[PDB]
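Encoded as structure tokens, the following chain is the form deposited in one PDB entry, with no partner shown.
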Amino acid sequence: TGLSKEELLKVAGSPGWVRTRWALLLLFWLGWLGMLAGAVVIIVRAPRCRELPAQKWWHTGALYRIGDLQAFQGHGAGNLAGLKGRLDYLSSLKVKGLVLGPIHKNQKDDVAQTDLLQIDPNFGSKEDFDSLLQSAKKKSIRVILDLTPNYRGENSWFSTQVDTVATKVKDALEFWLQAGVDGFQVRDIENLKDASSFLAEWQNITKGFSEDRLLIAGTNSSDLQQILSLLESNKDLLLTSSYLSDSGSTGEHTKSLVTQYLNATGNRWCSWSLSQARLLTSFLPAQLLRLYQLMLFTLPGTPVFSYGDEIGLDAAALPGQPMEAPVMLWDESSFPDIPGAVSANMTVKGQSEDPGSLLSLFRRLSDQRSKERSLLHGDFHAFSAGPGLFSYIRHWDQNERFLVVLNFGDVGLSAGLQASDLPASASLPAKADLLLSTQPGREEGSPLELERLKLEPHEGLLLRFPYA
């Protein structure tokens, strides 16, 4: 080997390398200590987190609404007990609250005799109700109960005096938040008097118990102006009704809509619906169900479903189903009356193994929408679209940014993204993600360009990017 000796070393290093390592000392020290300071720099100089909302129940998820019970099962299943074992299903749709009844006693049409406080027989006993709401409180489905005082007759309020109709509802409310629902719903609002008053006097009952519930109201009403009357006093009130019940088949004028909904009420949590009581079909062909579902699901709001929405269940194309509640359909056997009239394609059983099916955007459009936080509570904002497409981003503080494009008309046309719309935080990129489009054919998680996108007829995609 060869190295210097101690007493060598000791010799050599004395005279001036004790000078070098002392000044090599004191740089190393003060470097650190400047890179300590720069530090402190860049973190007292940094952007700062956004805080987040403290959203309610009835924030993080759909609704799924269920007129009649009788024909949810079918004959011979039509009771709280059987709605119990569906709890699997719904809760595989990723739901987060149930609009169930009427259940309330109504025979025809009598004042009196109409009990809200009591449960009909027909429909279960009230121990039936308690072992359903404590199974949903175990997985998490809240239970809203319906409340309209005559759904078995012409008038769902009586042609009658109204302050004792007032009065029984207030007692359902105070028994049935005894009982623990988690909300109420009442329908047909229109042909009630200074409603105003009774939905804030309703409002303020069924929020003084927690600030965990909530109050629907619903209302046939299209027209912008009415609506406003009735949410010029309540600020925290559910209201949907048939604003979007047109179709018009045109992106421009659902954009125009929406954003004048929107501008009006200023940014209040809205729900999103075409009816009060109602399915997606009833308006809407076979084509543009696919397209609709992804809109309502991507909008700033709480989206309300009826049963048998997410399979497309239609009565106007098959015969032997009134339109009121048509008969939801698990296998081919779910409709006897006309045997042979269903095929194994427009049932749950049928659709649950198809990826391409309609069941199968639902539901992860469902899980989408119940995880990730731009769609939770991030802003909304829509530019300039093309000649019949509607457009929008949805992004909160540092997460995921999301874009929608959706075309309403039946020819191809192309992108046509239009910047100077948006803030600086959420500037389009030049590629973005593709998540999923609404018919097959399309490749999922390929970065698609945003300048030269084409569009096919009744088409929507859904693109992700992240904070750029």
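Definition used throughout: the rigid core is the maximal C-alpha set that superposes within 1.5 Å between two forms. Positions refer to the first chain, counted from 1. First, how it differs from the form deposited in another entry.
The one residue among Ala430, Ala54, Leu33, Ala424 whose Cα position changes by 2 Å or more between these two forms, with the core held fixed by superposition, is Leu33. Core-superposed comparison between these two forms: the C-alpha position of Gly16 differs by no less than 2 Å.
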Contents of the next structure:
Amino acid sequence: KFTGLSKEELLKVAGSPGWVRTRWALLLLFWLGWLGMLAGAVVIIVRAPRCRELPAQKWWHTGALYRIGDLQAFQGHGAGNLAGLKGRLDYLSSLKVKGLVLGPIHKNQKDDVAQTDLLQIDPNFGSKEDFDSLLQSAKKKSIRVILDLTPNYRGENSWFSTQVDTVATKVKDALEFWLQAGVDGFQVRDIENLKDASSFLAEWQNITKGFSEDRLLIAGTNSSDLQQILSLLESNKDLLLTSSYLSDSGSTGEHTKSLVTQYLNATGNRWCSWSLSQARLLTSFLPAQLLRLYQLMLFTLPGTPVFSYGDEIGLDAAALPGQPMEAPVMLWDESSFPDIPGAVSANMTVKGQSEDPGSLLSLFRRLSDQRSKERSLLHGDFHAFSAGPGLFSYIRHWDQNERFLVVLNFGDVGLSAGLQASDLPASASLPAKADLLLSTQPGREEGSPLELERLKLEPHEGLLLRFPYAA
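For comparison with the form deposited in one PDB entry, provide the form deposited in another entry.
No partner chains or extra molecules come along with it, only the chain itself.
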């Protein structure tokens, strides 16, 4: 009917010369095609170029640091010990900060130079063993502890203005003692009041790097001029140095662009730190309508962002009655300030800002998550390009990863951007359409890809566009 062949007729018809040659021809053709596709894969593999080697980063290259200068104002009344600080590390890990700068805890009386000792703790903070408990408890949550070792931290002149050699001997012993006890770094402040600054900084940096290479030394100055900042960083180049360099002005955005690009050009794109002060809040220098813009800028510039406590909620020392503005109180809840009761509202607190998805704490938490995981924001290359009158735009790109575009508006007027790039590297040229991660002001929702030619900005707005590696 239509059934197939049996074994006998198949064995008698599939043995003729003409079918045998067809079967051997198809077998040899299949094997040469297999070898051809293997050779094509091998040829394509050795013509894909390369990718560069990671740069083997330290722990302070991977996110922000957090300065807690006054300890008893960080908790409140009574519980201002080193013991009470142990209960805050889950809040600190909510921010994803990689290090912590504990303020000076040693015994200082006043200008008496021979009585202050940098090895022995003032009993108003605790004893020697709950410091050890704090170090281990912070090491479990992946938070490093930096110790401030400024000698005369109770007094107007911060480095004991009469003698210069014995206080350098004090710091030289204290570095060794606390490195053996187990701290992960140091900070010395007000180095413009220290004579022979560049010599002692090199020695202390040497001792700290000689113990281990995952140790840090931070120096702070009140300078704002680039030539002194550069003068302290000639022999030393592994030093993090915090200064008042960006706290001058920025009424116009091209001024801030000039400051950032002039610093990075003058030091040769070395690793730097970005802050507004050596010890002060952002609301000591900026109006409250610029805090989101400056927080987007400080997280997407190539270096280590450094903040004090209360910068993530926008704490203002002049928002309430009398108080030392060098050390305001942190507003955890609405009963955090007992005096002048009822003066603290709910959107001024840590607790009341964690639920609002358009608060300042939420922007800090989103930005500090993106800073510690994206490779083009971890060690990417910075490039700024020209834009409209009053803008600051730049791009961060590493190799073949997701690229980031940041556009910021330091102006009290509406702007259309008009990204006149035309000078970028070929590895980071701009697409026609890019995504969104966030904005500082409401009116947009994120994930929706926007076209970069009629890009319009309302005043005091910053954007976090994003785009993948292509050609």
